[PDB]
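One protein chain is absent from this view; the other protein chains keep their places.
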Amino acid sequence: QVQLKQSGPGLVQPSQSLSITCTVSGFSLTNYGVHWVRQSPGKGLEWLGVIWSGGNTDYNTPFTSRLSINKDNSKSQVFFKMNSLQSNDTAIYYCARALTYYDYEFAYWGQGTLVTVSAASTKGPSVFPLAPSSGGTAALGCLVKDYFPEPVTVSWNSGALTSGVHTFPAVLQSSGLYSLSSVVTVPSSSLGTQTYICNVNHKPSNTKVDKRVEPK
Amino acid sequence: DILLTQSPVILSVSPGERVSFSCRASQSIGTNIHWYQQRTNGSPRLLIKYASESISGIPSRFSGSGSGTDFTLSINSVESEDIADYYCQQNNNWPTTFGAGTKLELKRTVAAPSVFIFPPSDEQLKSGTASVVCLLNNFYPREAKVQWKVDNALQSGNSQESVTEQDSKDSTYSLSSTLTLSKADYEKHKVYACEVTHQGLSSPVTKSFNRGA
Partner (left out) sequence: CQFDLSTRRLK
């Protein structure tokens, strides 16, 4: 069906430019326009601009000076570029498509790209096990520590294990690095026959770790 | 720009009850309003277009009404999977603008937390830092107290909490409490206990371990 897939999240230094690629399928960029919306803590949802079927662009007023949208109809890609970012440009950026070619009701959205504006460094996380040791139900997990910036994704057994999974929201430590835990509850009797691996991927650092969690 | 004011900012109802969201425009916009749903870690999901028109794949319990400046999104029988934030969007005047949203929380019966405590791994100790994690699993409501004690000394300022958003299936929360020591301080002590207080427990539950045995 109709899908919009965006490039990965990453860090951008202050007063530097941001580039996101929106690759679409299920429709042609020659028949529909692609919009760009962002979502920040301060201003919430904020419509930025649009590139139309014919190649024209409209930019929201406060961004006409630093926004630039382009596309490649053959490669089915829309290119978003915003110049000179400051801390308060830190937000999730979406690409979206409307129901009709001319309208603004957004029925299809990209998965979003979390952009962090900061002068810090990208750092991958260490992954430490939370080993099990209540009524035949054991709890185990993974400690994903000292990374920057957000986000980080955590699955269990390559997506096959979802029931009982709790990946907690990341918290900012005094060091300026994030840390979180992802836990799951399983039957105690399965700790002998089943392997439990947390699949951690911190795309901003291209750090990909699989941690086996055993009883100590 | 049209300012869209959504009120209230938080809604809290029980399953099966009907709920209404309000979105008011700073001037008349006719019926040019759209409604979106955003679940945890999700992108917006178009629910209603032009005040009242249905969207494919959206459950029928979602509907909308209004005209001029006062618009209402309604769910006639709230389910657990409806926990999200809800936004309105106007497109009668350029540029299109969104409201600030309303949070939908769900009530349920009291559920006591299941408590688990995890010592720091020997892998982490090789780096000079110890993390002691105390897990409070599947409880309601959100209010909970976690008290850390190391050799009967009250810990304060050296722990951080994190609470998941509400679960879409059973409406419970889960909480992690992470006590952080240096490896030096962790090796100078023996007993590590997190005490948990919750409405669903008749008396505080304490999980503890001795470094080693």
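To keep things simple, chains are lettered A and B as they appear, and every chain counts its residues starting from 1.
Going forward, contacts are C-beta pairs under 8 Å (C-beta built on N, C-alpha and C of every residue); 3 or more make two chains touch, one makes a residue touch a chain.
Undergrad: Would you indicate which residue among A:33, A:49, A:110 or A:112 is in contact with the undisplayed chain?
TA: Of the listed residues, the one touching the omitted chain is A:112.
Undergrad: Hey, which of A:37, A:69 or A:91 is the one touching the hidden chain?
TA: Looking across A:37, A:69 or A:91, the contact with the absent chain belongs to A:91.
Undergrad: With the missing chain put back, one of B:15, B:42 or B:204 would touch it. Which one?
TA: B:42
Undergrad: Taking the entire complex into account, which one of B:13, B:58 or B:100 touches the absent chain?
TA: Reading the full complex, the residue touching the unseen chain is B:100.
Undergrad: Spell out the interface residues on chain B facing the chain that's missing from view.
TA: Residues of chain B in touch with the missing chain: 9-10, 38, 40-43, 84-85, 100-101, 103, 165.
Undergrad: When the complex is taken as a whole, what residues of chain A touch the one chain not shown?
TA: Chain A touches the missing chain through residues 39-42, 44, 90-92, 112, 114, 150-151, 169-170.
Throughout what follows, only the chains that are shown with their structure count from here on.
Undergrad: If you average the CA atoms of chain A and of chain B, how far apart do the two points sit, in angstrom?
TA: Once rounded, the distance between the two centres reads 19 Å.
Undergrad: Would you pull the chain B residues touching chain A in the complex into a rising list?
TA: That would be residues 34, 36, 43-46, 49-50, 55, 87, 89, 91, 95-101, 114, 116, 118-121, 123-124, 127, 131, 133, 135, 137, 160-165, 174, 176, 178, 180 of chain B.
Undergrad: Mind pulling up the chain A residues that touch chain B in the complex?
TA: Going through chain A, the ones touching chain B are 44-47, 60-61, 94, 96, 99, 103-107, 109-112, 126, 128-131, 134, 137, 139, 141, 143, 145, 166-171, 173, 179-181, 183, 185.
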